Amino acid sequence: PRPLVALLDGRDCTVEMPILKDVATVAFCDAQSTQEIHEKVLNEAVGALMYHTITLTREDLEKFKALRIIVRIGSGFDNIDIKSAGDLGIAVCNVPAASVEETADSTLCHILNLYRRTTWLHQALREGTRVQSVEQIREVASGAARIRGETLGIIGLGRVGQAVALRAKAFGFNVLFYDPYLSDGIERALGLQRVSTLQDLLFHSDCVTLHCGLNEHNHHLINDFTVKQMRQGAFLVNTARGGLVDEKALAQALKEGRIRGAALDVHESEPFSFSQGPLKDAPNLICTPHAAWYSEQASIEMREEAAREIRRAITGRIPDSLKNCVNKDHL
């Protein structure tokens, strides 16, 4: 027969079918937890495709008896224990840049929304606020600032980070970044300022934007400690990973006024909701349901790509046939 491949936290396989039809048996679990995965999958599944709504711990992975590959349909793979999966002889792959630009564009939208207060002005206009005179325009739009000369501090100058830096220049932002893993000289190639430490970046930035993956070393990068290093009344943007920020610290900082405002597309606990979590009633906070990456073309693109990776894996050799394996070291 043809190897079984399962879509863990999803139920739509229309885009992948044309590509896997003759080489695999497609199936979906639409699971909201690993406990929701059926026995037949854990026993026979050779490949697996998953999104970000489900986590896979070592315990989870050990329950698969034939799993040979897990392809993340997206960028981040922090929801998967690449290490354990590797030891278990399970190759983990992702989809690197199908939405790099969708993400940079949303990032810029958040940045501008904080500086120009577009969303808040609209939200207030819906609240019935009246704005007839200039004095009232100034009051309702209070805080809107002139962007030219502001310092945008980027944390993580990777694919998205670079796309953000380039867009940022056009608005007159002075751009500087921090990324301890990059080789020296990239800052010269793109004409950007680089700093050696996080505190350095935080201290000189008027607006801080996260663009690094969530790893074993940056959990809660933004702490009650580091938040204290940020400028007074600085903006914070995060379209990377919720786990990079300690919402409790952020909430406090937002109430005290230390941070003028934050735009978050990702949160420590997703699904996100204003009714619960440390961000409840937190002042000047704009949120989005983790859609920074979305655009129909990108969704379609990343799915056909994930599908092809599965195909290469089933028809070729692991990890030789794979194009985006992220745990070769543990294999």
Second form
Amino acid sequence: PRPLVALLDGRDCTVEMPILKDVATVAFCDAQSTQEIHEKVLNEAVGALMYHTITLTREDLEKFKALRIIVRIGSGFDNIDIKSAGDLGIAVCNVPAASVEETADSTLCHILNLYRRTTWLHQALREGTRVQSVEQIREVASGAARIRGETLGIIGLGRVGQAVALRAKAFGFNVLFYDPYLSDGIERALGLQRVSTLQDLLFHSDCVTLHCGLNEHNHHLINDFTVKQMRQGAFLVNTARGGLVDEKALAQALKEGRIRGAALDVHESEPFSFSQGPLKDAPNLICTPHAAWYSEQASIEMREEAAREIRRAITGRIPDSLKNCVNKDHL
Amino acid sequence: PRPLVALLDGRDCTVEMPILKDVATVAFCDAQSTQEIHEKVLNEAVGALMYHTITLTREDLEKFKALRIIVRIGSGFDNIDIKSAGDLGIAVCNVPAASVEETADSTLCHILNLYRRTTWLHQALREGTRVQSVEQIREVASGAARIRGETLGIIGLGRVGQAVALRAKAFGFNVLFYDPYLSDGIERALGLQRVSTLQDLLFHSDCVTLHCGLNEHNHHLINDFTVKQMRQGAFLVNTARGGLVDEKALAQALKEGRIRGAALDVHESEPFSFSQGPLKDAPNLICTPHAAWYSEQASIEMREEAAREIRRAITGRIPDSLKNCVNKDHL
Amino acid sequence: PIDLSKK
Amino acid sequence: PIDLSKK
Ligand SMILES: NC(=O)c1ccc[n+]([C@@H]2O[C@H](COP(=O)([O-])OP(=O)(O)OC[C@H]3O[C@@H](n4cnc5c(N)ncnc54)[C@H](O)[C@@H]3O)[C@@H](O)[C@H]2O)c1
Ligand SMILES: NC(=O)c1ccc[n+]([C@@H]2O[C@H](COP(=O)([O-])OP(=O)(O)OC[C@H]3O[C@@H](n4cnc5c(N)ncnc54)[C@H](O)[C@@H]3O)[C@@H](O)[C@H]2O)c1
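Switch from the form solved without the partner chain to the form solved in complex with the partner chain and print that structure.
Full assembly next; the chain just shown is listed first.
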């Protein structure tokens, strides 16, 4: 009578429920792993709501008997094999932009915490660092640089990337971006400098920030080789996808000093920990629990959206009844 | 033959020297206190270069026999009794704006670290806080709010204050200011909302930031009374002068929760320490070593300026030869 | 609202 | 460049 929809990696349906209360049987598995999923869920689940803390390979998808649509609560669908998925007959959707602002703001924040060193200043005082004379101030703050004039290198001028550029120009930054798959002319409309190769950007940048969607071509975009293409004491800010940066190469660069600092909200291995991993002992390093997207408003907003998508399906028709599908051309 | 100039609170004249090398005998006292000053300095010192880590009351000034001009390396001259000073025949100058950008940026940074909680997220991970599911993310980040729409209350629309408003609008903030001594119409030119009373601002603000020069009227501007005029869970950012906020009232508010957070670069009692003072155990608290102004570029820039002022005097004529005097009308 | 968590 | 620090 009423199809079944399961919240794979989670156990809170308070928001989605009011929208699927009469068109589905919402339940939760809270399966941090692809195998921790309940049997009957893998058997009788017309739809599925999932976040990011769980990936789905073809090997996994082929286990879902009744699955026909997967809704990713967020703008990132790299943890899902949208292709193998599509070819299997299961539609995959995403929430285009519900936390673009949240991330843009949080991004500029990490950038400021590097240039202004406000995060380390606090931490320093929190440990008994006594600062008396202006002499000491220049010491504890030794590193704080002026932003006026500095060139902000942006890799990926998407929803988030663009928001960052608007805020970037406000601080006097000399913004310039790189986006191969982006249409020509957009730079003019936004009044921004556009390079044609990653090599050019890293060469003309004092601070590089990642805002590109992870895929098969940009994996490990930042590696020992591309790092050599960067400038000395250049800053790095990654609030996109952990696979974009080679934690080992960065950990090495940070230590050698070829990179004056780094801010990371996303990491290769999540959850992240300053104890395990290449960045185990990396200098000048700021990290956040992949929460740049968080906001009580943005959270509910994206969840209510995904909830609608699930209903546009159970009620409408796949895929012509889906507003935000990512494989409408793969099946 | 060559007048004497002394760097009261410091001991580095590498920057100023190249400008006073032929017109004065530059020396340093590094007197963190008004009494630690060398005798001969208080006797034969035509000029004097000082920062902020030392105040000068009439009682002090009347001790300088040959002193005729005091140059404050910075835009703050609240630590000097410019009046009693002027009436004594000693001119007092300042560096109008050499770190306006540095402070504006650092200010927005503290604002972002509150709204985005990027500083506490890092600190949290730095202590072993493990974040797995999105569930936990909303917990550790429980507090991160959306900026789009929020009203930024600005008290004092000066050089720094204005820079903050330009950056503020970039993030979607609904900026509004209060500046009694400010000329009428400026709000129109900058396209900003202007209230006429402190009560109005604190009433229409979600985040209040101080950017007004300390004096005899605004001392303890923020007190238990004015705090009651603020909104619930409102944010506070003070990167101006410590005397502006009553550490006790704030410490109480923070604890009670009437204030969701606070960022302070300046404190009543400097140097600052999370161990001693009212904020000994205050929740949601970010503090910086009065370094929002720091920048290798801004530091040398302001010092070279003060250096010139000292020369425009020793070479020119007081006060009509001073570009940035603050008591030209008191003597 | 259904607890489909593997026990 | 003169050390006028009280000893
Ligand atoms: N840290 C977080 O919590 C968080 C917050 C929001 C989004 N996500 C991540 O943010 C990133 C961007 O999100 P968005 O909404 O702006 O995405 P879009 O809206 O996907 O923007 C990304 C842009 O990157 C470009 N791009 C793709 N591959 C590229 C490559 N190899 N080199 C250069 N540019 C490339 C695209 O053409 C696109 O315009 C994604 O990786 C997404 O997964 C994470
Ligand atoms: N934290 C730091 O390291 C740092 C950095 C730069 C400057 N300073 C401090 O920054 C503050 C502002 O600097 P600025 O360069 O913009 O100064 P201005 O350039 O002096 O700006 C301050 C503005 O405050 C207004 N004002 C004065 N009294 C006021 C009151 N009671 N209420 C409301 N407005 C009032 C003035 O009319 C003026 O336009 C000062 O207090 C200064 O001492 C500190």
